[PDB]
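Dropping a structure here in structure tokens format, bear with me for questions.
Removed: one protein chain of the complex. Kept in place: all other protein chains.
For clarity, chains are labelled A, B and C in written order, and residue numbers in each chain start from 1.
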Amino acid sequence: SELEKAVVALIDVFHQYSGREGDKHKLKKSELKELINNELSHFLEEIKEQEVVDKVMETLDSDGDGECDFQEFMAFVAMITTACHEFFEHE
Amino acid sequence: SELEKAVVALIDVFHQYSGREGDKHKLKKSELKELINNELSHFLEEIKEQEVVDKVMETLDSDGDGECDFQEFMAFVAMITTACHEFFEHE
Amino acid sequence: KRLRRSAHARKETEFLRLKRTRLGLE
Partner (left out) sequence: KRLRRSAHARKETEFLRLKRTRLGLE
């Protein structure tokens, strides 16, 4: 259940932010920013420039709604996690 | 933070199982089967069907080598987690 | 004519039922 724990953590964390501005399955730029800064606290540097927080969602925003769906967040997680995997394996 | 923790758990769990039959970046059908049975137990019920583990792998198996790459695993995780997130709307 | 030859049935359902159930909430 290690991966199950991880999985429910992703859901819970996401929903916590997505409940604030969005609709539980949707991160708006305010939420997306604090979420990524807070959570990718080692993985990424402080994402100061709101233009870039907007851009990184826009880049993935299938929904074209100015808030990124849990799917698109999962895509972001996938690329990030793959990069981490590769980096961490090939020390 | 939490997402990183979840992520490195996914990376590690995948990596070690992928070390057994595969090569760290790729779970062979045996390992994918075992992983699902052993770890995904609450989300999917047990899988004796060596046919089906092969099928669900084959569905994502870009390498066509009877394994699934960490990328494909993350993709699988994405939809599985999303289904669980849809559930989580009504915990 | 249409015999039950299709051994390649959707055995996937046996497990994927849970996924369908979780999707069910939407």
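Structure notes:
Assume a residue touches a chain if its C-beta (ideal position, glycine included) is under 8 Å from a C-beta of that chain, and two chains touch if they have at least 3 such contacts.
Touched by the hidden chain within the whole complex are the displayed chains A.
Only one residue from A:23, A:65 or A:86 touches the chain missing from this view: A:86.
Screening A:49, A:58, A:63 or A:65 for touch with the missing chain picks out A:49.
Residues of subunit A that touch the chain left out of view are 43-45, 47-49, 51-52, 55, 80, 83-84, 86-87, 90.
In the analysis below, only the chains that are shown with their structure count from here on.
Computed centre separation for the pair subunit A/subunit C is 32 angstrom, with centres defined by C-alpha atoms.
Chain centres here are Cα averages; for subunit B and subunit C they lie 19 Å apart.
Residues of subunit C found to touch two or more other chains are absent.
Counting partners per residue, subunit B has 43, 80, 84, 86, 88-89 as the residues that reach two or more other chains.
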